[PDB]
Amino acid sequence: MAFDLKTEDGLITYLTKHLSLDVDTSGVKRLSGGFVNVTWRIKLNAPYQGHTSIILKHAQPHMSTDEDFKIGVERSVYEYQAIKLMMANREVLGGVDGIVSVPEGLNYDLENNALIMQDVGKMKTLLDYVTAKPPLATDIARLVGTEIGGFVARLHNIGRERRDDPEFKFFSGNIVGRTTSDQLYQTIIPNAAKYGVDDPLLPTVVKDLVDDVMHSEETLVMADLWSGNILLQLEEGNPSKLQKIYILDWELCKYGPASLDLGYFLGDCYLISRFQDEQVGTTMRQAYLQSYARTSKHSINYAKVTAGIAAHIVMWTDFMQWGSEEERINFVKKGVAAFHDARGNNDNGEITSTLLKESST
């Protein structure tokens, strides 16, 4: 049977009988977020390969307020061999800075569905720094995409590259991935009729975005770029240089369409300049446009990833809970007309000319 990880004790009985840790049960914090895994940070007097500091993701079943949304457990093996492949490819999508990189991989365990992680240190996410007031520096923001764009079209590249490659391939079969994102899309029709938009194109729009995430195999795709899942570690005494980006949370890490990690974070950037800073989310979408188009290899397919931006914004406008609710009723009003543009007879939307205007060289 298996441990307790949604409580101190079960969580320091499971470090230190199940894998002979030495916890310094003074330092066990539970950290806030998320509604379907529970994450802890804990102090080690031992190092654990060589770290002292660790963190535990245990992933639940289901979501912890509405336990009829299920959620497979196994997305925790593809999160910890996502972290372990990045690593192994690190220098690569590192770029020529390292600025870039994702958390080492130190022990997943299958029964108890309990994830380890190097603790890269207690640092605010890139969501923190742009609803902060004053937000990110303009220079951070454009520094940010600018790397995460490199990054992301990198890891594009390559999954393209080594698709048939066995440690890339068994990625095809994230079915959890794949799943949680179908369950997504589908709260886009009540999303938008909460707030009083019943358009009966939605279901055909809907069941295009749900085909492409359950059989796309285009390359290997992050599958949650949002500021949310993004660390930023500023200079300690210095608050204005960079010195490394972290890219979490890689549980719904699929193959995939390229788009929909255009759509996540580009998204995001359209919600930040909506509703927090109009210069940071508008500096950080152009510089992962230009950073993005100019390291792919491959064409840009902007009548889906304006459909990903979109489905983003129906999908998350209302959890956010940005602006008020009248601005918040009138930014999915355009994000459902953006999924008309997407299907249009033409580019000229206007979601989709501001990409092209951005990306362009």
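Between two forms, the rigid core is the largest collection of C-alphas that superpose within 1.5 Å. Residue numbers count along the first chain shown, from 1. What changes on going to the form deposited in another entry:
- Taking the core as reference between these two forms, the lone member of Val305, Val336, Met315, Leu56 whose Cα moves by 2 Å or more is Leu56.
- When two forms of a protein are overlaid on their rigid core, residues whose CA moves 2 Å or more are considered shifted, and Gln290 is not one of them between these two forms.
- Put the two forms on the same core and the Cα of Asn113 is off by 2 Å or more between these two forms.
- Shown in the overlay between these two forms, fitted on the rigid core, is a CA shift at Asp24 of 2 Å or greater.
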Given for the second form:
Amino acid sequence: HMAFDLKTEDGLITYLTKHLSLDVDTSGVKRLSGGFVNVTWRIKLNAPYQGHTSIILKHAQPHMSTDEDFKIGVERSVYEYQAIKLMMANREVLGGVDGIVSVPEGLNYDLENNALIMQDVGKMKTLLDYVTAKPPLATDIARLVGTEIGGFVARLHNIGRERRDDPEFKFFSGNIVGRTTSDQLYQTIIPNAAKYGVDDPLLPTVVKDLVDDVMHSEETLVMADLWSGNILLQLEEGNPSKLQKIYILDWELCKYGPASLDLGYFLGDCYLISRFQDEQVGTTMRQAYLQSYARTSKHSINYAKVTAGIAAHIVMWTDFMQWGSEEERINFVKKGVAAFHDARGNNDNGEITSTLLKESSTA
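Counterpart to the form deposited in one PDB entry, namely the form deposited in another entry:
Coming up is the bare chain, nothing alongside it.
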């Protein structure tokens, strides 16, 4: 077994040709990222590999971090890689009848040389990019995105209940690193309020409940990072008016947890878009999602828990996104903190809960 140098272009082509037998363009290679630990290469092949002529390779360098940090990084990789393999295997029952939602295929993961190979998607723009541009994303396209992601996420949650005990599914229940990241995120709720003048003494309790659910729930399988910054859109190469594919990119946090976590992320992000970008794009998208999610899911939504999930997203993300002005952001977070009182009080005239019911109505 040879030691290879994946930090140089020449060592890259040795690894690809000598170890994996790939026919590599010596001039189809470009570095994308690179610090002390990680490197990302974009690569063009002269002959296909698992159907693909272009791929990316990521590489962690050992001995450039503590032993503890390097170990957790590898764990994150494996869950990301294995999550993507699970969706490739369940492509048929998830990607639906005529559906366009998909995951960038994972091709190879070499734990000996710390080298992961994935499908190269292209230089596609995120959803987040399309909804912040002036002008914004056509509304016909926003409806379809909502309808497709709702149906994917519902099919995901359905299969995760019925295959809960199969061992490849239980593997993700054990993604403790992934559950801990969720926890750390929920801990910023009280700081982010405090910073904006809000200081409600309910928040301790609400945080406690969110943290326990995420550390202990085994309800279903959740994508766990379903916001617009982690979603790519492939538009027709020419007509900017026809959607071809939606890709969900980062699956590191995939795990067992409550269904409401996925609804909170995405509906939450819709609320942010409605308020600070385009009301019709954010609102179409929200409603389309709720419409298809409610038709496909084999369990009823819990409106209190989704209301609180949305509140959580609002308080955790308003500052990060850095939209509008200080003053407006303060009042938006205040509406979030208000929505926690509506969840705990089971109040169906609450501003958020009430909307949820209307937009997910059947007839």
